[PDB]
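Use the sequences and the hints to build the structure in full.
One letter stands for each residue in the lines below.
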Amino acid sequence: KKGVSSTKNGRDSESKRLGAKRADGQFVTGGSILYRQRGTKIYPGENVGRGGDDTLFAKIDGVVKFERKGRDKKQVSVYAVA
Amino acid sequence: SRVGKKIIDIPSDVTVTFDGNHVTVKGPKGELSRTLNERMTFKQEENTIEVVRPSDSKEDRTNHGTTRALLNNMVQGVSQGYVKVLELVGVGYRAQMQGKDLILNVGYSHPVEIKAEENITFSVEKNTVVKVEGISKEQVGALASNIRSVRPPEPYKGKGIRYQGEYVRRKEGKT
Amino acid sequence: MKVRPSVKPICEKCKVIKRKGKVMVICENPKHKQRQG
RNA sequence: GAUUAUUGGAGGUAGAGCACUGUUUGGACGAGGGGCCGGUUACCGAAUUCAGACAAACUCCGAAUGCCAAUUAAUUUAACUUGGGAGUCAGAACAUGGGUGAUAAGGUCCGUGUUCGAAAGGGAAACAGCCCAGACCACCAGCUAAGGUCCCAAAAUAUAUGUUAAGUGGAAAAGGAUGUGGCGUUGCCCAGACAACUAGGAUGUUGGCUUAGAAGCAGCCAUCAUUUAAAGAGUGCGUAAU
RNA sequence: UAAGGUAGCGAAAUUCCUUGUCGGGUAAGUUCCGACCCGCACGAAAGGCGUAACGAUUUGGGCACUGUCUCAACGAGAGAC
RNA sequence: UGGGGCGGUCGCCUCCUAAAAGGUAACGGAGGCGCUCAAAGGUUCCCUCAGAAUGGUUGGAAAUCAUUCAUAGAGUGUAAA
RNA sequence: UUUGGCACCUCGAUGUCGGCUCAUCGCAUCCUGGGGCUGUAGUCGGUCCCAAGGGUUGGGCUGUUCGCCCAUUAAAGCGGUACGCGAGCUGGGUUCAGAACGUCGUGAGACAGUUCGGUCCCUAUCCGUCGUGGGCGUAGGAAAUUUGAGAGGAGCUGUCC
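Residue numbers (full-length UniProt numbering), protein chains in the order written: chain D, 12 to 93; chain Y, 2 to 176; chain P, 1 to 37.
For the record, the hints were derived by calculation from the structure and aren't laboratory data.
Quick list of in silico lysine-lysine cross-link-like pairs, DSS-like style, CA-CA up to 25 Å:
hint : chain 1 : residue 1 : chain 2 : residue 2
1    : P       : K13       : Y       : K6
2    : P       : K8        : P       : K18
3    : P       : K15       : Y       : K6
4    : D       : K32       : D       : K84
5    : Y       : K59       : P       : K13
6    : P       : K20       : Y       : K138
7    : Y       : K7        : P       : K18
8    : P       : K33       : Y       : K59
9    : Y       : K160      : Y       : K116
10   : D       : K76       : D       : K52
11   : P       : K8        : Y       : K172
12   : Y       : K7        : P       : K22
13   : P       : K2        : Y       : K172
14   : Y       : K158      : P       : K2
15   : Y       : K138      : P       : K22
16   : Y       : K175      : P       : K8
17   : P       : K8        : P       : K22
18   : P       : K22       : Y       : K6
19   : P       : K18       : Y       : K6
20   : D       : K70       : D       : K32
21   : D       : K85       : D       : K32
22   : Y       : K6        : P       : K20
23   : P       : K20       : Y       : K44
24   : P       : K2        : Y       : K175
25   : Y       : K7        : P       : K20
26   : Y       : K138      : P       : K15
27   : D       : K32       : D       : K52
Here is the structure:
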């Protein structure tokens, strides 16, 4: 049609699929991922590596336990009982 | 819609007989029939009466008062005379009496004439004390209240048909 | 007095009476009682 | 594989809520500037409290519901892999959630459901998406659904109850009646409610301002007792004083 | 800047303000003629101004004339039937 | 591309829309990017808040310094989280 | 019944603003008509209501939509109907190809800023409307006159005495 003019703000980011990938009670692999985050919402505990981007992995295979960490924070405790 | 302080409706020597739904004013001066109502059962013990109010419905209690006040108008007018006194003035245009009639030189094409009524006494004392004696309010009270409107007192001069309790007003006479 | 939207009497000896059935008010306040919801 | 009882967990929605961030301080609060000579007081910057209100891009809090996974339990019947052959990319309307638009649009974009498309039949008068509901073929058999039961047209002019008077039923908003009941109060209230028939409803004295003189309207009242069954330095409609 | 339109013609096949201005003409002129220039975007060889004659040329006005028309009616015919 | 249309924009990152898992639109809302640190990196051993008032050479209150609380309100190389 | 927004129908065509001739419905009425009512004695002006039954000029000046004017009139209405009607009329206008001017564009060319000029087809099959006949029937047959179920038409005004 007629004059419609310059126009700017349609800018956003091709997203990323963050958060968790596995859950309570579930059994895992060695290089298995347990979470994709940024910062520390949760804190790796037992048998847990933390890669560069705050990604957490379990150092072993085994099953999980999320739990509190502090008085008000949270962590992981992988166990490979079998 | 506030009328019910008086609901007595007592007869007189004039006799309130019946003709069915009709009801007849008779006696010394009477022989005029008219229907009171249907549900409003009227009754006279010896010489006292009052409209029975069956159920006092909206319609029934309005008809109570109709029949009460209208039979009161009857025993007022057919017995005594529904007598209403009034006066008359007609000025410049030659509004002239004719006894039981009148003429106006309104002075149109044709000056135009006026007449009297029937069964109602137009008793003229001095050509401006006219008594209108009849039988009731609905029709002859309508006569008394329409003769005033026949040629009513026009304000800015004051000529027309007046009651004994009427007056003339004026107008902001600005063409 | 000088005319209004209406006339300007107010009195309330309000003869809200039917004349043989025609409802009206023989009164001085036509300003308040209308229909209503 | 599925459904659900049993789990266990993740998480920050709705809602709450000011605790941060902060949106509009009502109030004061004391000062600084300031009116003033460095001062007074105003008000503020601001902060002091008290104090509340608000939030898509505010959160100390925080659901339901859904997501993931469990000897998870039981009841179902799936489920997965491989590879062969395909069509689909303009979707539409309703409920619903949201945005945008004008708390416009049978709009427009996403989303959660459902139907059509690809699905007839019954109901909505007719009426692709609405309500009920899936047909293998017969059959002059029966039971029901949505909806319906005075005639066209099948079924109750059925019962029993009510409300309403408008043909509402079978035209909307605001505004405004009681027009009526009801439901509860109200102040009554049998002395006697509350409009009305009506009893008498008048003064030393408009006294002060008395405004065009004006002595209930184009206006301020010091607004003193009753003549007295009930009553006023005059309840009520005049815009000429009366 | 290299310089800024000179004559001139002007609200014009080109005026937005604009029917700018104002008569003449018509009873009445959104035009026409005339004149004022306030020239958006006026100017002289892809020329400026004025000219007799010329024109199946454009436009305004008038006279004649007349069924163009009020206001339509009759006849003749070809069609028609 | 709510007809083409002029305008614009076209590649990446943060948030909100987004509906408590994740994921998701709009010529829909707000903002950063087309790098930088040989020290802002690595590794041992210390420190620990701005800010606020408190307030006083300073004083445009405040700088510097000092008393006490401050939620990391400090701040962290590069927007927002 | 304005300017709009949405893009459903129609681009294997629903083909034109105006005006002409015809209409035809409304009312939120201009005239007439009635009433009431006022800062209306009637008029006045104005007002409110009832009112739609009817009626509602002719010229000049703009294709222009449009308005302005000159004279009348009782008024000189507002609307609706494919912005009522073009298989009934013209096309003035706009749009066609030419040409001119002004502006813009390097230019091709564009604008709209104007102007002159520039091609409007149809044997009516159905429904439908105006009329016209034919057929048949109306418990006996023929001629003439008839009632009318209903349907249609009719109603404007102003003036002198």
